[PDB]
Amino acid sequence: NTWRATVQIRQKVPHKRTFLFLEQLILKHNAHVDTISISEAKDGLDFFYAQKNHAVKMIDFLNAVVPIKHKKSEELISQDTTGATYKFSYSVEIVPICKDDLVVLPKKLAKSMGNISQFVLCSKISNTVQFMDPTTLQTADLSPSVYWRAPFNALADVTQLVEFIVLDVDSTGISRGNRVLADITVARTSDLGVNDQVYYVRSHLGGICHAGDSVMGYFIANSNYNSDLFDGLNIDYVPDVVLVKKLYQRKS
Amino acid sequence: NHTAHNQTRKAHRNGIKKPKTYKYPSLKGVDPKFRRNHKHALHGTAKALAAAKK
Amino acid sequence: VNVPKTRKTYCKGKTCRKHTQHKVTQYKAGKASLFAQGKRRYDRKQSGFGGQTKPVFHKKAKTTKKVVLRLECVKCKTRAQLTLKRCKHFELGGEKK
RNA sequence: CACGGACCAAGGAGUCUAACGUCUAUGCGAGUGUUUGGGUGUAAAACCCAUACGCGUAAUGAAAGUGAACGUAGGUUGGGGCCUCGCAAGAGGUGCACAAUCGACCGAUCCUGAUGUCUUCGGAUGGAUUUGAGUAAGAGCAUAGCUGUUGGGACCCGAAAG
RNA sequence: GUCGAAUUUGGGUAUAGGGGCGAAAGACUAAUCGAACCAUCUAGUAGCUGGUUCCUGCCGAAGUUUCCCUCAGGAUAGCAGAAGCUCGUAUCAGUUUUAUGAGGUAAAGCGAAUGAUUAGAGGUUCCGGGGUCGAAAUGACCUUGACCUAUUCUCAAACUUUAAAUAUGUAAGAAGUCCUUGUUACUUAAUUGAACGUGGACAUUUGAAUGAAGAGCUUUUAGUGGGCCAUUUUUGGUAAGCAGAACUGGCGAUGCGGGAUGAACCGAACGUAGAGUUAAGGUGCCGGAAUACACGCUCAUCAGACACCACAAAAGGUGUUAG
RNA sequence: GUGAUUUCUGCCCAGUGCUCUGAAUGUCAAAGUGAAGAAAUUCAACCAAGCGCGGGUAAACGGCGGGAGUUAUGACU
RNA sequence: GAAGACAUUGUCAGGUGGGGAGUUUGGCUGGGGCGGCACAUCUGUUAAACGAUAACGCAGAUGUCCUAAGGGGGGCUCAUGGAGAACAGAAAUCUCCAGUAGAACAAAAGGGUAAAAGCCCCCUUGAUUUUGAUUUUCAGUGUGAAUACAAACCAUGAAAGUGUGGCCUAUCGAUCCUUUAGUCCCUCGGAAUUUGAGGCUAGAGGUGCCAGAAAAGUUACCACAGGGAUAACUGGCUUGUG
RNA sequence: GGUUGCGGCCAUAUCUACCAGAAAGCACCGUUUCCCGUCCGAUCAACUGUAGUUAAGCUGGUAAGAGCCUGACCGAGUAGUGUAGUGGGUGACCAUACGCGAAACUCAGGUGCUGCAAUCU
Numbered sequence: 153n154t155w156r157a158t159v160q161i162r163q164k165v166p167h168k169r170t171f172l173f174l175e176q177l178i179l180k181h182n183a184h185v186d187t188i189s190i191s192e193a194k195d196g197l198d199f200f201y202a203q204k205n206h207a208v209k210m211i212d213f214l215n216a217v218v219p220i221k222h223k224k225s226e227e228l229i230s231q232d233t235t236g237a239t240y241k242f243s244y245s246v247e248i249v250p251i252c253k254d255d256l257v258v259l260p261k262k263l264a265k266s267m268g269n270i271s272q273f274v275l276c277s278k279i280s281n282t283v284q285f286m287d288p289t290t291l292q293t294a295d296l297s298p299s300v301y302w303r304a305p306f307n308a309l310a311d312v313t314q315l316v317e318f319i320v321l322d323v324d325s326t327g328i329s330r331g332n333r334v335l336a337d338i339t340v341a342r343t344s345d346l347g348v349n350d351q352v353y354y355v356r357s358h359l360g361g362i363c364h365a366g367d368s369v370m371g372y373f374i375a376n377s378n379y380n381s382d383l384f385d386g387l388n389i390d391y392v393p394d395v396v397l398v399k400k401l402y403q404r405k406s
Numbered sequence: 006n007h008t009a010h011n012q013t014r015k016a017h018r019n020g021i022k023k024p025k026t027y028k029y030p031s032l033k034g035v036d037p038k039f040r041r042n043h044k045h046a047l048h049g050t051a052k053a054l055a056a057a058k059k
Numbered sequence: 002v003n004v005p006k007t008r009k010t011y012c013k014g015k016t017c018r019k020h021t022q023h024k025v026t027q028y029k030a031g032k033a034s035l036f037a038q039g040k041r042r043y044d045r046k047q048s049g050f051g052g053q054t055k056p057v058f059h060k061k062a063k064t065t066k067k068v069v070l071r072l073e074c075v076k077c078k079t080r081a082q083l084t085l086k087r088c089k090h091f092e093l094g095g096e097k098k
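Residue numbers (the entry's author numbering), protein chains in the order written: chain v, 153 to 233, 235 to 237, 239 to 406; chain o, 6 to 59; chain q, 2 to 98.
Hints are computed from structural coordinates only; laboratory data are not their basis.
Here a beta-carbon is modelled for each residue, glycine too, at the ideal position from N, C-alpha and C.
Treat the hints with care, since some could be wrong.
Label pairs and their computed distance ranges (CB to CB) [what the hints assert, rightly or not]:
id, chain 1, residue 1, chain 2, residue 2, range
1, v, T293, q, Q47, 42 to 50 Å
2, q, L83, v, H184, 53 to 61 Å
3, o, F39, q, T16, 31 to 39 Å
Can you make the complete structure from the sequences, with help from the hints?
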């Protein structure tokens with residue numbers, strides 16, 4: 153009973169990307185000073201804070217860098233008999251939508267945020283969650299006050315990315331800050347050797363993409379998606395390839 | 006929660022009897038190639054004990 | 002995943018009694034036909050002191066999809082299916098592996 | 001040191017009915033049930049009665065439909081009782097109910113496709129690790145009784161609410 | 001407190017229940033207000049408390065299994081009563097013996113393999129698991145480190161060659177054994193096998209011991225589905241009148257004799273009575289019964305007196321006794 | 001909404017509200033129109049307000065941090 | 001005077017709408033809440049030598065992956081250690097001896113495997129059709145998973161055989177409604193034809209609270225029906241010496 | 001009795017070291033046209049039993065060897081355990097009554113047995 157107050161951090165996703173971002177940022181600003189100990193969990197880690205006010209001061213730090221939700225309870229011990239003083243617990247939950255997911259948004263939710271299409275990627279994850287349309291570049295933000303009233307899931311994790319090989323890049327010529335809408339022509343790693351089946355897709359990977367270069371991407375065709383929000387889409391409007399990022403083997 | 010106390014004393018009030026092992030056990034579950042022959046084997050030997058020995 | 006569009010499977014059809022060649026498509030909904038028997042105590046007894054009768058579904062942790070591999074025989078053309086698994090997308094034809 | 005009880009008389013709580021399950025009694029028995037109604041009466045009693053209808057004598061199928069004996073209504077293993085034999089013990093013959101098992105028949109499903117045939121109908125015969133709440137010298141119907149179930153205020157007294 | 005004014009008051013008159021009225025307290029609206037009073041639908045519903053009326057006879061439980069938004073409750077299975085039915089030595093048994101099976105805990109084993117633990121000192125293309133970045137990839141910044149690099153000794157519920165006890169499966173025959181040859185569409189090169197039989201032989205020691213207030217079978221329904229205690233084997237907890245299990249007995253449902261007293265310990269389980277002997281316990285007196293016998297020990301300025309049980313530790317003491 | 005007077009009332013229109021003499025073809029009900037069909041029907045364009053994009057507003061709800069770079073700083077960046 | 005085929009009014013349709021009405025706001029639990037899944041399952045242990053056997057006991061896994069990592073057949077032997085070979089070394093390729101598995105078998109853990117169940121090649125779809133019987137959890141119901149056959153057609157091998165999915169133990173789902181595939185079968189009940197609709201038989205929409213409700217808060221203004229108390233004794237517990 | 005073919009039980013049959021094997025049989029060895037398979041006629045295929053061999057293989061014998069397997073008034077009636085008491089002890093735990101009964105170790109002895117067919121101084 154020496155702990156006397158606790159912050160409980162959890163993220164439900166099996167590959168915790170934003171949560172590993174939290175542990176390196178907390179070491180940088182040295183926010184963990186008043187810790188009694190650190191105990192791991194199945195889904196995250198626990199912080200045991202001796203005085204109440206130090207536990208609250210972490211949550212003011214947690215609001216600035218990561219989208220959270222929190223609530224508190226209490227427990228009863230032994231009441232020094235000066236008129237009086240309960241043992242508290244703070245349960246902080248990170249938004250599970252990672253930095254580089256694929257997301258099918260709800261229709262009513264997507265209609266408000268700039269009338270973006272339902273089939274977008276994740277962008278930046280900051281304090282607020284940012285979504286980017288990969289085909290025609292347009293950004294939209296989701297705050298935790300809007301997310302937690304109607305929660306949903308990501309459509310694919312990091313472990314569904316597929317190695318591709320870029321054939322050539324054609325720049326259409328419209329951009330904000332990302333050399334946007336390069337009409338990339340790209341083919342699979344498995345089918346470049348023995349086949350000619352070539353995929354043809356716009357992407358945000360404009361300036362950082364070159365010919366003879368390996369990119370990772372979400373592949374909607376063979377892979378098995380199961381979302382009800384995805385099911386109420388128009389299947390002949392969904393792009394086949396969503397180009398995500400690049401490997402770029404730097405040095406040996 | 007769970008305990009097995011008094012559970013042996015309940016079952017040994019009416020005892021533990023055997024399933025009493027009848028003559029002519031049922032051929033359901035015996036091999037069907039054998040059952041198809043053994044249908045005809047009893048048929049001839051009931052005819053043969055009808056006319057010959059009487 | 003992937004399945005073929007063409008499939009040599011069994012026929013039970015008073016003439017074939019053998020395996021003939023069959024054709025594959027997917028699962029499509031055309032109008033649910035409320036000559037179906039449960040939609041005119043709806044269009045009877047909805048319209049009432051009693052009001053909107055039939056309940057809906059909401060507890061939507063539901064996930065999967067009906068994935069149809071049909072066997073359209075090129076020889077006789079009638080109707081008894083084949084099965085798949087708990088599966089999430091289904092395209093057919095391309096990406097032979 | 002949990003709750004109710006100061007004392008006395010009176011009142012005071014598993015009832016009734018509709019439909020039913022097992023068991024038991026009685027009538028009649030491949031039938032059974034007079035009483036919705038009519039006839040008569042000493043008059044809400046008793047007595048007498050036609051035509052139907054109910055349940056039963058036939059199942060099975062989602063249905064159109066078809067619809068139960070190769071035979072001393074079958075073979076084997078036990079089976080009370082009676083018959084024969086023996087002074088008896090026992091041996092031998094017939095063996096009801098009922099228990100086990102292999103068959104046969106009818107309906108369903110899958111198969112076999114005869115004489116024929118408006119050339120597409122018709123379904124003879126033969127099958128099968130299948131399936132039925134069946135046939136295989138009928139047993140049900142009606143009234144009453146205790147026990148039990150369901151719907152009723154339902155063993156009596158009790159809310160905060162609408 | 002205020003007391004010539006936003007003062008005090010009579011009568012008239014207006015606003016009515018999800019409505020009114022409020023210099024705002026959720027106040028007031030006929031002793032009723034976080035939604036008035038009256039009658040009716042209403043004997044509203046209740047897995048929750050309380051109560052439930054005559055006697056005697058016989059039999060006699062359960063707090064456990066699976067399933068339920070299920071844990072104060074129900075269905076189902078078990079336990080129990082009743083009505084009985086076909087027969088009457090039936091073949092069964094909370095048991096032993098013989099003949100064989102199975103097991104891997106106690107003990108043994110570590111100079112017969114495995115085997116932790118506590119702490120960790122440096123190794124920039126011997127990795128890269130990851131983080132943010134970046135109009136790129138000769139690309140930076142970071143962290144657990146990729147690596148134990150040449151260390152030792154010690155064990156274990158998730159180590160083993162060998163392997164008790166106690167519990168446990170099966171057999172000890174009439175539906176069985178042998179001789180002779182019938183059936184078939186299966187099986188074999190083959191009427192050879194297989195399976196089932198006809199006919200013949202084998203008899204009360206007919207195939208170990210002991211017992212059998214008959215054995216076999218079916219319908220139908222009540223209550224119960226909050227359990228606790230003890231010895232022994234144990235897990236969690238320093239340790240609990242603590243938390244959870246295992247086999248058997250008991251209390252609950254059960255008095256009587258003994259432990260002064262006591263739900264669980266010891267003896268023993270109940271028709272009404274008489275005589276007889278005993279159990280556990282006791283025999284100075286209360287208090288029925290030997291101030292019986294026999295060998296010793298012990299003196300306390302808080303002696304000691306009978307299992308469960310209501311008391312105690314190490315270590316000291318020329319106090320005493322026997323070694 | 002604040003609560004006499006005196007004296008002051010800073011910065012922010014991203015968020016949520018509110019608002020508009022603002023661009024228009026993204027969304028888009030019934031009726032209507034067109035096409036195919038033997039007909040019931042099916043499909044297609046068309047499409048109001050509102051939503052969406054754009055502008056205004058804090059005596060509207062409200063907010064007023066961190067990292068650096070030379071070490072105390074109402075410093076500059 | 002003003003206004004005019006617009007306004008108003010009637011009917012249907014879309015938007016807005018806590019101002020108002022109705023209702024819900026899981027369970028287990030060393031009090032409830034938070035965390036967690038002990039709620040559906042699997043391996044080792046707890047577990048005391050059949051089986052069974054509890055705890056919010058312990059160390060861990062599953063909501064997948066695979067036309068080969070399934071089926072058959074043939075050839076071959078692995079981790080590692082030792083001795084030798086231009087560059088070549090702590091680790092490239094080649095060679096030989098020793099080599100009971102110290103390797104590998106998609107993954108947790110425990111079993112299993114040496115002319116194989118490993119490794120490298122060869123041909124293939126039995127990962128098929130009809131439905132019964134059995135084992136596990138168990139009421140001897142369901143569901144999942146599995147075992148041994150029967151009737152068909154096949155694959156491989158010279159052959160015996162083997163194969164009804166992953167070497168064994170886990171990897172998954174009812175009624176209702178939906179939709180597709182076999183007879184082109186049955187019916188639309190006055191009689192026909194064609195669309196349409198309803199049926200039988202086998203399967204996929206799925207409830208993860210997993211034998212399967214459509215569901216956010218607060219009450220210190222609170223109400224009702226009930227249930228729990230209260231402290232001062234573990235087994236003798238408490239004292240002066242890390 | 002010695003070999004060969006096919007085996008059963010699967011170390012008393014293995015492992016390490018040396019030593020012997022008349023006979024017949026297995027084996028090493030000879031060759032590359034055909035069938036076939038490789039980088040390589042070494043394995044595998046075919047052809048010859050002709051040119052040559054017991055050097056190996058295999059078989060047998062030995063070693064105060066390692067191992068394994070049977071035996072023990074060996075360890076030891078010890079450890080452990082079923083049942084019993086108003087038995088002991090503050091406890092830890094230990095005695096006694098009726099029962100069951102190990103193991104490593106120590107020592108002694110052992111080193112394949114055998115079924116069918118055939119061929120051999």
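Now for the hints, and whether the structure bears them out:
no.: 1; hint: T293(v) x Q47(q): 42 to 50 Å; verdict: holds, 45 Å
no.: 2; hint: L83(q) x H184(v): 53 to 61 Å; verdict: holds, 59 Å
no.: 3; hint: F39(o) x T16(q): 31 to 39 Å; verdict: holds, 35 Å
Violated hints: none; the structure is consistent with every hint.
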